[PDB]
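Below are the chains, spelled out letter by letter.
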Amino acid sequence: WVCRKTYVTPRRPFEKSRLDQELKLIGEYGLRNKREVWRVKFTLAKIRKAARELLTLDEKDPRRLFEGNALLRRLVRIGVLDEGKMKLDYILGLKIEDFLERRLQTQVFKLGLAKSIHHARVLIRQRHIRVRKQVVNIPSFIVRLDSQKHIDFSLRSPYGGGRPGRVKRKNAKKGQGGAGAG
Amino acid sequence: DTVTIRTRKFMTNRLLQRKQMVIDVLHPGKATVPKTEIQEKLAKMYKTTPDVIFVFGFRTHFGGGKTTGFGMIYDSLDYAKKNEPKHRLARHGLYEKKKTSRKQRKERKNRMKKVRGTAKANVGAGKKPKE
Amino acid sequence: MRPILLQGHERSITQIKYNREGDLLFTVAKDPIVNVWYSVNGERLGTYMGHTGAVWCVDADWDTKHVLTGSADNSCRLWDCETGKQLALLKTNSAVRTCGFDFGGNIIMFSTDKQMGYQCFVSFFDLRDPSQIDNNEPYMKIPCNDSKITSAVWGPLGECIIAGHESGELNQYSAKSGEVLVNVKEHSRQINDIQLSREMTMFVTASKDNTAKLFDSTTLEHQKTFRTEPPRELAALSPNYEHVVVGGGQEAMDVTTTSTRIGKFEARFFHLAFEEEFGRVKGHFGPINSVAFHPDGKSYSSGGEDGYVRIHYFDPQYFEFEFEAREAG
Amino acid sequence: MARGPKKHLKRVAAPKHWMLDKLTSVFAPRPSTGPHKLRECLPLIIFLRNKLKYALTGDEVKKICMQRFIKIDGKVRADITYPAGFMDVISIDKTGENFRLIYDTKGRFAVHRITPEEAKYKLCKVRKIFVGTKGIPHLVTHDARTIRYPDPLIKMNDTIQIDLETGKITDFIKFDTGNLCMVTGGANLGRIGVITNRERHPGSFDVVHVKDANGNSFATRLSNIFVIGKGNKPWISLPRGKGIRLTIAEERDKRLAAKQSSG
Amino acid sequence: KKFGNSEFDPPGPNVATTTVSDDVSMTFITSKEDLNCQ
Amino acid sequence: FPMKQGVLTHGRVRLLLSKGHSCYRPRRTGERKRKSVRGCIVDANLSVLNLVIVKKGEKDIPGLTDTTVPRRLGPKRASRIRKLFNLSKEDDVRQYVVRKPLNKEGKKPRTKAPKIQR
Amino acid sequence: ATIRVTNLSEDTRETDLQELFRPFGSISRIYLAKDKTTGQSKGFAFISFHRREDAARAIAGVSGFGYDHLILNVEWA
RNA sequence: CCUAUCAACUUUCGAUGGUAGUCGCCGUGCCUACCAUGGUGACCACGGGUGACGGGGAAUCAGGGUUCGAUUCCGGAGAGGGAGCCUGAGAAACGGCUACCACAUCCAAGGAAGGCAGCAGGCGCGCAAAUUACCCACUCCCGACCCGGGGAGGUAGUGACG
RNA sequence: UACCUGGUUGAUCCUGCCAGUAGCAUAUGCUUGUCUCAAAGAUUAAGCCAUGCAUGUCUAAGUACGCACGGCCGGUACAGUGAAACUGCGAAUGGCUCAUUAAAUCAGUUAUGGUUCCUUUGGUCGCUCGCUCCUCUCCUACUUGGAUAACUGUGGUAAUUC
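Chains as they are written, first to last, in the UniProt record's numbering: chain A, 7 to 188; chain B, 3 to 133; chain C, 1 to 329; chain D, 1 to 263; chain E, 103 to 140; chain F, 61 to 178; chain G, 239 to 315.
There could be a bad hint or two in this list.
Said to hold, decoys possible - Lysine-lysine pairs mimicking DSS-like chemistry, simulated, CA-CA at most 30 Å apart: (1) F:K93 <-> B:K108; (2) D:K254 <-> D:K233; (3) C:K264 <-> B:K122; (4) D:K53 <-> B:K43; (5) G:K274 <-> C:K30; (6) E:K103 <-> G:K280; (7) C:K282 <-> B:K132; (8) F:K119 <-> B:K111; (9) B:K32 <-> A:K139; (10) B:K115 <-> F:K95; (11) B:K116 <-> F:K79; (12) D:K71 <-> B:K84.
To be verified - Per label pair, the in silico range of CB-to-CB distance: (13) B:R16 <-> D:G107: 28 to 38 Å; (14) D:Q260 <-> B:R16: 22 to 32 Å; (15) G:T253 <-> E:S127: 53 to 63 Å; (16) D:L256 <-> A:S122: 36 to 46 Å; (17) D:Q260 <-> A:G186: 50 to 60 Å; (18) D:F27 <-> G:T253: 52 to 62 Å; (19) E:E109 <-> A:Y13: 49 to 59 Å.
Hint data in this document are derived by calculation from the structure and do not stem from the laboratory. C-beta atoms are modelled at their ideal positions from N, C-alpha and C, and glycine is treated no differently.
All chains, full assembly: derive it from the sequences and hints.
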């Protein structure tokens, strides 16, 4: 049908200081690679351009009003932006970090069963949590406000309760085959 | 185990003589008890017997514990047989389509073109090559 | 019987020969490959590649260690059977028109045509094996009588040559220097084949004047005559029972765009002692060019102008049944 | 080439307002030949199984039609892709439910149940009023129904209650200023309103200044105005979404407020 | 195949299997011909 | 090469042939095939001459006059039966109809007459 | 069509001709008479072009054009 | 779209127009008689070139712009090249026809039948591109019809375009 | 994301192109675990083609005298069902490819009062208005005329959907 890239490649391939900056973001927020950072760079740039367009439209104009409100509402739903600010001027001031902080991984750190921004990502990818009664396997995700009230253990990781898989049973048989000697 | 059939979007369909509904089956951790089980289970709800009940669709929901499908219950077997898509009949065997199949019919059709009259002749002409 | 079709030749068969241990079939065609097939299980043993042209005739020795070929490339080759490698080449100044093993198997005859570098005669090559290499080489030429020979075979005890002629004569030669012993004039067209019985006292003839004859070796009288409506390209005597199996010839063929559904060429069985047909076995899509019998008579093979070889497996029921009038007498 | 007219129409090339999907099906139903033009039509199938959802195959749709439980305009149809149009009434005789098709101001065909009293007749605007052969007069409606001997004072753009029990004219309503109209097609799709003024220009294209109920004023071509009765006197009810005109903001407020508040 | 039937496939039922039946019935008496013709 | 009327000469020519003519058999509407056809005036290169006896002599020829091949299909039109018995059409055909039994069609014999029209 | 080429060397094979006859359009096939009993490339070849224009162009040019220190001869087959 | 190293062009086999007729589903130099001498160009005509199908659309650009468009949809055009025709409301039709021309096929030598820029596949070509598969159940189309047929179309296989 | 940076020299400031650099679209090299989506014989030969297949169609209802099958049910014509064949309709649509063509195609905007249109949908279905009733005698109306298929039989052709 139709497809599109979710990331962007900048015009200078080596730019040492920037490469370091990008590595630091990866460290802080537990990411896979530069493509993860580029993924946010693509989204953020489009949001700023959206904002900037609206801001140069005439005031009290249906298009500016309707799409303004929509852009604001979306950014507040995911908890990047706060609605005590709530106009175009403030949206421009947002940066890469503000998005990353509202991801599933960084919530799984902040509460629950991760010990690091390391651990968290591996926990999500190995299906140790449900967000509600719904497993989430994607760490780069961005949870909404009231979805951070339902992050909890899964019933398909058998610690935190759940049906025995073959990893709990593996540990059982280090006591009944490792120490059972058979 | 611990199922319950919860019926969204219920329709009384008087003009195809059937109760048409979504089948929403919650499960404890494993998605999907059998199609045959669902028809039995449903059968004593509407009291129609499972043999006028067809059930189709079905798609497991990630991390288990739910499966949404679709069911139809025909008031009589006659009504079922009369709206009747072949795939639905096929789905749990009790009738399946043609098994001739296909390229035999095409060969036969090409034999008929050759001559005018004499039906049996062209059948025998299609029948000698197997090749 | 049940016949099955062996395909491996893309050209018309030219000669079929069984070995005398009854477990291999050798078949040759106008292909530059010969095929060797099991005649007891139908699996392919191998092919002999190395020929530069059409090989008209193949024949297998008594031991089953050497095969010898007659070529139209003006050579006779000895091939080692059990490695599939050619082990000896003799260059000849004439083509090989017929080849036939003697019944002691230490001599073989090759018929060298009147035309080409060698003249009309049936040359006899000694098959002498010193070491591991059997060597062929001639040390006698029996000069032909009358019109040029077309076929030749060994008569009783392999001490006579019976020869078929272009004219249609059957001549007897006292084979150690020649020549004519007696002759008969009994065909008016080319004798295509003459093979001997296993009781070594009668032979069977084939001709394109549409006659096949059961012939006495030492008297040269026709004992029995088998008359077929199509011509006959080859004839053989089938042991295990007292029939002869003949096969040929031209019959109606009308399309060249189908050759797998025009099966209407048969091999005919005639009872030797009654001259009564006991079968026609269709399956060939072109004229039968060669018929060959198993040495225990538990199979027969026919090769077609279609270019395939059918091997036929008899059942107990076939051996035990016979036409009523023949049983009665 | 092109040696004759197509008998197929692909999906994703069919008119938007039928409310079919994008590329998930490669063929659209396509209307049959009939009294209305194919752009403005609504094939029977789309109504029957995509809006009222009585079939999940095409095999069923054919089987439904052969029951002949469906009359369209009081007359017994069996066509799988019947070309219904504006103010065509569909009569299900097995359930006693009469549905009529009238535009939302959203621009989507409305599922609009009417009483069997209002399904007796429909108001059809005259397209031509014709002095026919041998001096017999006829009126011809938009939906290509020719009624002989019509009322002898009628003039163009009048509406005409056609009855579907018995055919023929069953009175008429005279065209006058301030008559109710629904403006159909264009950027003024599915809006209802009065007239105000009809501006006349000699030669082709005459525009009719419409004022809607809200008090938004606009013009459209006379062609795009359909007269649906007498001023401030409806004969069928307003459909869903107002049927007048509503703003995208107001529409959003309705969409969020009604949802998760029913059941 | 480049030459023979001993390459690329070995001899055997690698080169002696057909997709069309070549096995036909004949009688054991004399009506072999008649069985085919009908 | 089939003969037909009006080709003439002893030669063979190819003519464009249309429906309702011999030596062509329809295979699509509007189709015409140009086919060879053999002269109406006999040479001697015919495989078969189709001759019809119109008057017999007085002396039998075995397979034609002695031996006799009938046909079972009677008239399916009303008035040819009516004509043959001179029986009025104010009283229709009336029982005279050519009905032929077909024996053991089922497990019983039938007797069938064609279903008259007109 | 089919064109005949003559005065080939035994150091001139099908591959050497294949690149030679490409400025005159693309050859469909190049058959070359070989005998391995005596020599390699006998002396005659038959180049087969797909199109009639391409074939004629070859015959015109190649006749008088040097290749491996010999004047190739080309002519309609 | 490019071109003046294309500046005058269009009718003797109408170029433009008047008049009248033949003809065509119908307008019209469509064609023809007669009668006029027009029509068009530096605002690029005329002529030549063109991997020149057109659009909706696509890619990149601060903006301005530049580049792309056979290719999932719409219109037109052709089905080896030319010419003619039948059927039918509609066709100058290649899974219709007829002739010729270029190609190919069968032949018993008299003849006869043919058009993958349809779906698969093969050859040739190249830097370059997939199954000789399964099915009409879906989506729709056609028919005398719910019922049948569909390489339309669906389905899998091949698939680091992306 | 509105950017530049490297190379004329003794060194320096300019003019300048070249090279680097990112996009992208095919090709190609190398490597490659799981999940989803799918572009794909355009370039180059609108080249050439084996084989298979891509359009057929019946309702209680135009037309049954199948060698049919099955009935008791038989005459006035009699069967229930139905291969076939005639009849009518589709076969112009579908699919494919972009060679051809430069105001031509085509797009948007307009027209037919210049014309044709099956079908569907809606109207239009007794009459010669009595030849100043042949149509009350022209009196065949309780209905006219006669031939092809399928079929049956004989056949021809090296080969034909002959």
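Under the constraints set out in the numbered hints, which ones does this structure not fulfil?
8
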